[PDB]
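Given chain B, put chains L, H, V, D, U, Y, G and E with the ligands in place with the hints provided.
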Amino acid sequence: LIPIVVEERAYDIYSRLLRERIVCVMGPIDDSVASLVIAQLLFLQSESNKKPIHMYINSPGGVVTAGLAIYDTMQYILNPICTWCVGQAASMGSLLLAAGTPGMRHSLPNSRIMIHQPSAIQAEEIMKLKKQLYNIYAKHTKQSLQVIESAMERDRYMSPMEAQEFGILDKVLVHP
Amino acid sequence: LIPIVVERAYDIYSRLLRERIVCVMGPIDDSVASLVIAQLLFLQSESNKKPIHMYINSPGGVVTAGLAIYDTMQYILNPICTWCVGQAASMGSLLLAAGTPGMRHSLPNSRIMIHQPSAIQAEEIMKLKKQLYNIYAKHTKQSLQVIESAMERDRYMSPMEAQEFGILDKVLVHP
Amino acid sequence: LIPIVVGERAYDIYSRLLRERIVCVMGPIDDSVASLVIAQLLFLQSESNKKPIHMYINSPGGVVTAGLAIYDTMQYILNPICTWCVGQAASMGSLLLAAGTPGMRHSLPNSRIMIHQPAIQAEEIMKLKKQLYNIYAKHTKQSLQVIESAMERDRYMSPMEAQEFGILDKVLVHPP
Amino acid sequence: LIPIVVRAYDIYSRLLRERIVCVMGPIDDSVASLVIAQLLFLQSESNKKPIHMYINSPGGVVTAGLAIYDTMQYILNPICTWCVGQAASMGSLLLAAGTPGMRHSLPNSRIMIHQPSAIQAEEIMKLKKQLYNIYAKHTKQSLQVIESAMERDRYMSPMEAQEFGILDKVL
Amino acid sequence: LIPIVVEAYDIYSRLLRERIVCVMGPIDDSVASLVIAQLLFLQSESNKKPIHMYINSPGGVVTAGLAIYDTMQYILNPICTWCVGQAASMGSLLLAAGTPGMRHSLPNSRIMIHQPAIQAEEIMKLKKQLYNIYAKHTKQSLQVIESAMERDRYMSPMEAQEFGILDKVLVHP
Amino acid sequence: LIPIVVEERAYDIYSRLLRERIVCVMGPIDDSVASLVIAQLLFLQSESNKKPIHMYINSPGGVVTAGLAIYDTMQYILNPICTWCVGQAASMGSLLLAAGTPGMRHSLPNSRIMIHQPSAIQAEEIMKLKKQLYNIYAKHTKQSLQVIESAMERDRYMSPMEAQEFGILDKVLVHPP
Amino acid sequence: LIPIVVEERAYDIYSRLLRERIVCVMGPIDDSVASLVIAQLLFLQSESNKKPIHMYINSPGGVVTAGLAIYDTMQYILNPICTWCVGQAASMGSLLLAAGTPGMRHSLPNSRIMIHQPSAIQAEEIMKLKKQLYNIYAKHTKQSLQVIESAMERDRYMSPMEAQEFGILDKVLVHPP
Amino acid sequence: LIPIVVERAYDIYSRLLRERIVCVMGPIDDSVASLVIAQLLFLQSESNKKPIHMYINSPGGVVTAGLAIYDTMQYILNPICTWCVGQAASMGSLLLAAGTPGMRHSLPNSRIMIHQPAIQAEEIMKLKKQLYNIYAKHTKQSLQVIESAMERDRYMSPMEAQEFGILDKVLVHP
Amino acid sequence: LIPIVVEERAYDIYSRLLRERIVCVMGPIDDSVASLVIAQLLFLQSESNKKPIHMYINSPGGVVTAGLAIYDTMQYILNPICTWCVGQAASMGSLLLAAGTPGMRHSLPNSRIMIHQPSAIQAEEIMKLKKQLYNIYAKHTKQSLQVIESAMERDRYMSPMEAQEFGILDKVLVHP
Ligand SMILES: N#Cc1cccc(CN2CCC3=C(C2)C(=O)N(Cc2ccc(Cl)cc2)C2=NCCN23)c1
Ligand SMILES: N#Cc1cccc(CN2CCC3=C(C2)C(=O)N(Cc2ccc(Cl)cc2)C2=NCCN23)c1
Ligand SMILES: N#Cc1cccc(CN2CCC3=C(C2)C(=O)N(Cc2ccc(Cl)cc2)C2=NCCN23)c1
Ligand SMILES: N#Cc1cccc(CN2CCC3=C(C2)C(=O)N(Cc2ccc(Cl)cc2)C2=NCCN23)c1
Ligand SMILES: N#Cc1cccc(CN2CCC3=C(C2)C(=O)N(Cc2ccc(Cl)cc2)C2=NCCN23)c1
Ligand SMILES: N#Cc1cccc(CN2CCC3=C(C2)C(=O)N(Cc2ccc(Cl)cc2)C2=NCCN23)c1
Ligand SMILES: N#Cc1cccc(CN2CCC3=C(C2)C(=O)N(Cc2ccc(Cl)cc2)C2=NCCN23)c1
Ligand SMILES: N#Cc1cccc(CN2CCC3=C(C2)C(=O)N(Cc2ccc(Cl)cc2)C2=NCCN23)c1
Ligand SMILES: N#Cc1cccc(CN2CCC3=C(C2)C(=O)N(Cc2ccc(Cl)cc2)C2=NCCN23)c1
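Residue numbers (UniProt numbering), protein chains in the order written: chain B, 58 to 64, 70 to 181, 192 to 248; chain L, 58 to 63, 70 to 181, 192 to 248; chain H, 58 to 63, 69 to 180, 192 to 249; chain V, 58 to 63, 71 to 181, 192 to 245; chain D, 58 to 64, 72 to 180, 192 to 248; chain U, 58 to 64, 70 to 181, 192 to 249; chain Y, 58 to 64, 70 to 181, 192 to 249; chain G, 58 to 64, 71 to 180, 192 to 248; chain E, 58 to 64, 70 to 181, 192 to 248.
Here chain B stands alone, though its shape is the one from the complex:
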């Protein structure tokens, strides 16, 4: 039941959010989510490839290759990407969260962050995908492999404060 706003043109509030260069990553990440997000990120680059992009994550995770789709598009565009976590970023959600422009990775105070991966393909393939997750997290947290994979074994959430200290985000904000 999505509301309309005027600005004189008239958009629904989500079209409006994308006009402010805000892309939502809200919920379980599947291919068509990934498709929406990728579409938006590439449209904002076309508008201005130096102007920043804010991406808002409230995601329990999802389909791993769909998330890497987003992640890869993040790495590709020319824009700074402020990532913001509200509610939670678990599994691929905090992967996207940890993959913002350094210095521009934010959570609100009561957010919950998980890098552990909640548990139809071959066994070695899953391990392959799981190393990919291990290196991406190592890249952006500036942590070691063995630290990352020990960490990813703890079935557990962090506070915005621990996640900052671990390298997943940069600033925990209450106010602007």
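Warning: the hint list may mix true and false statements.
[Unchecked claim] Pulled a few chain H residues facing chain L out of the computed Cβ check, cut under 10 Å:
hint : residue
1    : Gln137
2    : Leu140
3    : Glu197
4    : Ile208
5    : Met233
[As the list claims (entries may be wrong)] List time: in silico DSSO-like cross-link candidates among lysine-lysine, alpha-carbon distance up to 27 Å:
hint : chain 1 : residue 1 : chain 2 : residue 2
6    : Y       : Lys243    : V       : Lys243
7    : L       : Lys112    : B       : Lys243
8    : Y       : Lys112    : Y       : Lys211
9    : E       : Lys200    : G       : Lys243
10   : B       : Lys243    : L       : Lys243
11   : Y       : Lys202    : U       : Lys200
12   : H       : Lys200    : G       : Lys243
13   : D       : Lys200    : V       : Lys202
14   : B       : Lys112    : B       : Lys211
15   : G       : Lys203    : H       : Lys203
16   : E       : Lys200    : L       : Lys203
17   : G       : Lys202    : H       : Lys202
18   : L       : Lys203    : E       : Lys202
19   : U       : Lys214    : U       : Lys112
20   : L       : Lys203    : E       : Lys203
21   : E       : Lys211    : E       : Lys112
22   : U       : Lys200    : Y       : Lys200
23   : H       : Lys202    : L       : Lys243
24   : G       : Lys243    : H       : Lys203
25   : V       : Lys243    : Y       : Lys200
26   : U       : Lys200    : U       : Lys112
27   : Y       : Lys211    : Y       : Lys113
28   : V       : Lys211    : Y       : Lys112
Calculated directly from the structure, the hints in this document are not laboratory data. All C-beta atoms in this analysis are idealised placements derived from N, C-alpha and C, irrespective of residue type, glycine included.
Quick look at chains L, H, V, D, U, Y, G and E with the ligands alone, frame taken from chain B:
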């Protein structure tokens, strides 16, 4: 089916938004939180001084979805008037009591519940309950001790007991 | 499929009903119906807080706390509210019907009215059931004990007994 | 789904511009509120010009049908009821409540006043007397003649239903 | 599921050997058919020895409960009805149809005579059957029975006993 | 579950009923209700060509062809059959009720009896079947076709006492003679 | 999804059909098929009391009362109506086919036409309805009752050419005249 | 599914009945209650002095189904030993507390709840009062203590429950 | 489709297993499983309370209070209890496995053992139950609390060899 009102014409819900009114109706999940946060943010983009009104008629919902609203309420600058209609239970009463002080209201016949009624580990659930304990104590001026024994009783309060406990400031019959 | 009716503007018939300052409470009552009726009632009060609103009730009841949100918004707003019972008004429907302005509570001749009531602790259900007694007591101008007695009988009233009981003021057949 | 005719309407809206109100299929609360809407809307447009209720229905919720009956009886306009296909149970009630000399059916229609088979038992009998009464009113038959007929699980043809008092014209 | 006792029966076959007939939960044609069979068997074994009918039911199909009620009237034995838990709607009409003086409840039972695809005249007709049955066994007047069944509520064993539904309320022998 | 009773010998209560030459017609009658009922009419006749059988009927009706199968077995076998109506006998239930041995058809007092037929084949075939019911009911009630055809058009129930006056049964009994 | 076509003005293809005074009876006919078809017979008549309307029929039948509603609208309105059978017209479909203006009822070559009625109400009421279909078919085919009643008892389809010789239609066309 | 033991050959549940052991397992409905009440009537016909053993591992159930069991336990003359295993919650703990005084037992790890989780609001409140009074009776607590307790959405330990009046002993072994 | 064996009496093979004093704990543990197991363990004690009892665990876990029911009955009976793990013992399964008589806790070579708890009650209650699990495991593994709870956080299985070394079992056997 949602009616149109009327010089251009919005559906009634779009028109509630022009009043700076954000409805939080029913159970709270992430996509409701997405809708509420967007409006809060947009309403602050419109003026960051002009108040915002949050009509809460909710039984609770996903804790982190509700926290994403609570946090966003705290983030924005505007005075936030919160309104309880029918009932605000579990996460929905956290929100109701998070409105800016002296600006939390109930219509007379509502019911208010801070009891949390009832896939993660038991150490994580408990971490989340602790976060609720602290929010509630922060906004009702009550001690954690008072907050926990109270949240332990499976009961509703009238808007008056609510106002006395520190969830509400006003109860009113009319403007 | 809702019909359209017709400077010159074009309305679906239900908006048109709201232009006439009519709000409908058709069928069972839940939070989303209540959101809709409160939205319409607060809007009508904003277009004129002295002009009457007409509220049409054909309803078998509903969620109590959702029904009370409607009742309280009736009592809040500034406008005279003339209620009309068509078809039936049982439980919360009859309470909305009985909570129009004194002397502007109507039924058409064949309506059936019920004040008998068809997960929460047992003490909260009695708390709530007592709020119902207090509201019916108020507007029907009947004693508490008489309300509690009446609400124990699993029966409907004629629009003429409910006139007689306190629930409505006039039974109309044709327009005055 | 639904075509568009030429200013442009959809056909069911174009019909309403013609002062025509369909009653089509089973009657429930939302049929009734849609029908009562149109009836009021039409009388607001003119209280002298007749309205046309096209009924093809096997009935429905008694209270929902009673709601439409009363709205008919409230509004001032002459009302021409039209039976098409069938008007059975509640449907036949409204058909019979068109204003006199204006109740029609088409030749091959079927008309039933037998009421085919959660509230208390006394409250069910109360509702049935209401229809007994409503029917006796508009057919000018007696209550003993209404209840007897209402017990025979059967249709009448338009001519049977004309002699009974349900309608006036068959074409 | 059902345990086996020696004396070799299932426990419910052994209740029947004790002349105990359970009427558990909702009445329908199947339940009624069962019950009636045991009632005729028991009489066939002896038309003088009582039969203990154990009732704990929210009611059921009217026609089916009436088949039971009729069977009860037919057979010669004194029938001791026992309410455990609850007897509502039809369940409490059988309770009332025990032999006078041997209608019992346990302390915490609940008793209800209020009643929760056929025609209106027929639903009223069956309701008058219930009216007259209840009036006969409570010795209460018709008009007292109908007021009663309209109040949607339960009676405690002692209000059920002051009304003529049962006779005795036992905490223990 | 079906209790077991002792006799020296163990029977489940329903088996021990058949021992009494009692046959139960309980519930909707389909082809396998009919099959099981016919199985025991034929059986009970082979235990005695002349000892009376008892049908306990509590039924709201059923498949017409499955009902007529039972009616026809009932007509075939040589046994006097006493019918008993308990709870109800509507539609084909009441036809099995009416078809007991003249003067052996009974109701308990509180039973409800209906002969109206409540609402894949062609149209001529349903009127074929309706007519067959007319003639069966006409036969045993001793009523005229005309009277059967309109009584059945009244969607209503008869008391055991009106059913006795119409012809469906012969005695309404409260206690054992 | 329904394409849009341009005319200056945009119509979805089905709307633009109605513009040609074409009305489609496609599929099972229930009360709301009938309602929408009647809506456009009445509409097209009000655009012209005498210009011919075209019913395209491809239907396997439907609710008899809903069919007879359409038949009756078709009889009411003053317009000459050309019927066209495409794919099939079985049961009430073929009755709407037969009821076009004499000599305006058509089939394309490969259509299949059935008048047999493939297999809640009482029995007298279904024979009531069957008889009404007998008289409608009798009327427009110009066949006797006796002939209609047995043709309809044959569970079978007719070619457009046999249907033309029976009376259901008048012309079987391959290309436009 | 259910095994046979030899002694003569019972299924293992039939053999527990021969020990005078009545099992109240899982949610209590009128059917559980039928089975339980049957067993208690029978076991008393065997002897009205020999103790009955009610093993309870139950989350709760229908209240009238529960009170039928309770009333049957009051009716019979036998000393009843109640034992709690896994848990006894809502109606279950009510049965646990209702065994013969000095004979109510829990295993060291059981959890006990007296908090309760179509009829009118005056019936529920009538039923709840009835739970209030059974409980008050059997824990020697007051009504006020009992009512406030049942309002806390919480389980107790077996020692807690022992201190409160719900049970007498807590045994790791015999 | 359970087979019968003769021994001359004739039992199904599972009745036969219980005659050899073998009780299976096979699969998800719910109240009626727990009831079966408890029944069997108490019947074997009645036969001989010094003769050992072998309990065979292939369980992914289950309802925690139902498992403690079994555990408590284990602690209660007088008999030695050899526990044997085949396939897997995860969550409450390895709790029962770790709760055998010391010296009599066995796995086959390819078994998989989990003490981590795969993830409708109050929050503090779940923590209470979870401390119970923490102490029981500490009791029988002779490990510390902090070691146990760190361990229970690793979403992960052990080999019969690691589980022995950790204190969950005593012997890993290939042959008799
Ligand atoms: N899925 C995926 C994926 C993710 C990251 C990078 C790429 C590579 N593509 C190659 C083609 C390509 C790219 C980048 C591109 O961004 N623009 C500019 C553009 C795109 C969208 C919008 Cl709305 C407006 C302007 C473009 N314009 C035409 C061809 N083209 C693909
Ligand atoms: N989920 C979440 C969450 C909740 C609270 C606070 C934040 C932090 N963000 C930072 C980025 C950011 C924020 C707040 C922001 O309010 N506007 C202004 C704005 C927003 C919507 C509309 Cl329609 C119009 C204007 C904005 N415009 C560009 C960058 N930007 C995120
Ligand atoms: N749910 C609930 C509920 C039910 C009854 C009473 C209230 C109290 N609120 C206080 C705030 C408040 C109220 C009433 C108010 O009526 N208008 C005027 C207005 C509202 C909507 C529209 Cl479409 C047009 C004009 C308003 N404009 C900004 C703030 N505001 C809430
Ligand atoms: N359900 C019901 C029911 C059935 C029959 C009679 C009534 C009584 N009401 C009184 C209020 C009332 C009525 C009739 C009324 O016809 N119009 C005129 C009107 C209505 C609809 C439209 Cl689209 C346009 C104009 C009106 N305009 C302001 C308030 N109002 C209610
Ligand atoms: N349904 C019904 C219904 C309900 C109440 C009363 C009756 C009347 N019937 C008549 C036939 C009849 C009756 C009573 C009868 O009790 N016994 C004795 C008997 C019955 C069952 C068993 Cl297991 C053992 C012995 C009997 N033996 C042969 C025929 N017969 C029928
Ligand atoms: N369906 C059907 C239906 C219904 C009624 C009548 C019939 C006709 N059949 C003819 C053959 C036939 C009949 C009757 C027959 O009764 N017995 C004797 C018998 C039958 C069953 C049992 Cl258990 C014991 C003894 C018999 N024994 C051998 C051949 N035979 C069929
Ligand atoms: N269902 C049915 C059914 C089927 C066939 C015939 C009839 C009888 N009615 C009588 C009233 C009536 C009729 C025919 C009529 O055709 N027009 C003209 C009209 C209709 C619709 C449209 Cl879109 C445009 C113009 C009309 N305009 C006002 C009253 N009126 C009913
Ligand atoms: N539900 C219920 C309920 C609960 C508690 C008390 C009662 C009252 N009845 C009275 C009749 C009665 C009772 C108790 C009784 O215990 N025995 C002895 C007996 C019972 C079962 C078995 Cl397996 C073996 C022997 C008995 N034998 C004949 C009459 N009779 C009913
Ligand atoms: N659930 C639970 C649970 C778990 C552990 C311990 C207990 C305590 N009970 C007390 C009563 C009790 C116990 C132990 C007992 O083992 N036997 C001996 C016995 C048991 C079963 C069988 Cl098949 C054969 C002999 C006994 N015989 C009669 C009373 N009785 C309960």
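Looking at the structure, which of the earlier hints fail to hold? 5, 6, 10, 12, 24, 26 and 28
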